[PDB]
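We begin with a single chain expressed as structure tokens, specifically the form deposited in one PDB entry.
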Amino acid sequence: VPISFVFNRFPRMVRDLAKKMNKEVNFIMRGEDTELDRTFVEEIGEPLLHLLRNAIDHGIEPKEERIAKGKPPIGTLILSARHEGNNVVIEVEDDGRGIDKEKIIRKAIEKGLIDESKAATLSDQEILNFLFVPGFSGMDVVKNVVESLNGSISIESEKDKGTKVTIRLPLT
């Protein structure tokens, strides 16, 4: 099917969550005509809804805070799909407050998953990959579904700039 069968549900879910959270959100959908196998279409909805929720709750800041930080007042959330070879790539991007890598390291140390000495040299991707650890605090459940579809997921984020989650699905 076109992924529009999934993506057409999201503007409703996104305004509803924005109203509940007192966030002003500019939601943009691109690539909705991108076609993929029915099994992916019937399963990819729940993971995507989780990522959109995360963007609106934890990423986009309220307008007053964005103005105070010198950002464009209304936060933007972009959900896109495209073909890459025989794969489909789906991205959820926001221009919100990002993921705080220092907080992740602190939590990791508190949980005994790494010591201070080793935290100093972790890469960005190694740090963000703690988010997929079960119970870390979720992104594990999103990963579980994606992996069940033989997909991969990655996260890029920077503090104050925003977050991009990318899901790559096979042709299957």
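Residue numbers count along the first chain shown, from 1. Rigid core (definition): largest C-alpha set, two forms, superposition within 1.5 Å. What changes on going to the form deposited in another entry:
- For the listed set 146, 52, 29, 119, the sole C-alpha moving 2 Å or more between these two forms on a rigid core superposition is that of 119.
- After superposing the rigid core, the Cα of residue 67 is displaced by less than 2 Å between these two forms.
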The other form holds:
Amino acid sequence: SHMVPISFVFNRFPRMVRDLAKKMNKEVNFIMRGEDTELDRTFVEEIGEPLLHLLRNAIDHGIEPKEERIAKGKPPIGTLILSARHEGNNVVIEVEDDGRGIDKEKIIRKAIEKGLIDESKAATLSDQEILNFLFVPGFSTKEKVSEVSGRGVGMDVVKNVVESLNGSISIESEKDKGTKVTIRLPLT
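Let's compare: the form deposited in one PDB entry is above, so bring in the form deposited in another entry.
Below you will find a single chain and nothing else.
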């Protein structure tokens, strides 16, 4: 229908990442790629808060303090990459950091706490099954709210919004390596 460059969504992030990193005293080099990539104009408002949340998660939970990254033998400065591109009939948006990765042990503990799984079933969960708990509505306690809709935001809300746009989301994460979240939205 009506395509516009994704820069309408991306433009405000450099400054927000700068301030967020400074507030949580993290050294972060923010990289944005493919701002010219176009998407439906009716996706602009809705995809913004969800993306901000993924960026916040990277800065807060992913990128470790300089001292910790040096101990791990990693580049002192963490890298946060926000990218967009066209891949077939879809707009692909990625948020990737080279931080400590999602604490899967913590996710399992939370899942058990929320009655989503029994402890006997947790030992054999695959990484994908574990990371997927993050998409269960109500999984995250929440606090950060969407300046657009007004609902608290967690990975569960991110997935819910992405599904509302008829798209999908996947997560990849390895301990001390980092986390990569990929969102695929339809072109039309």
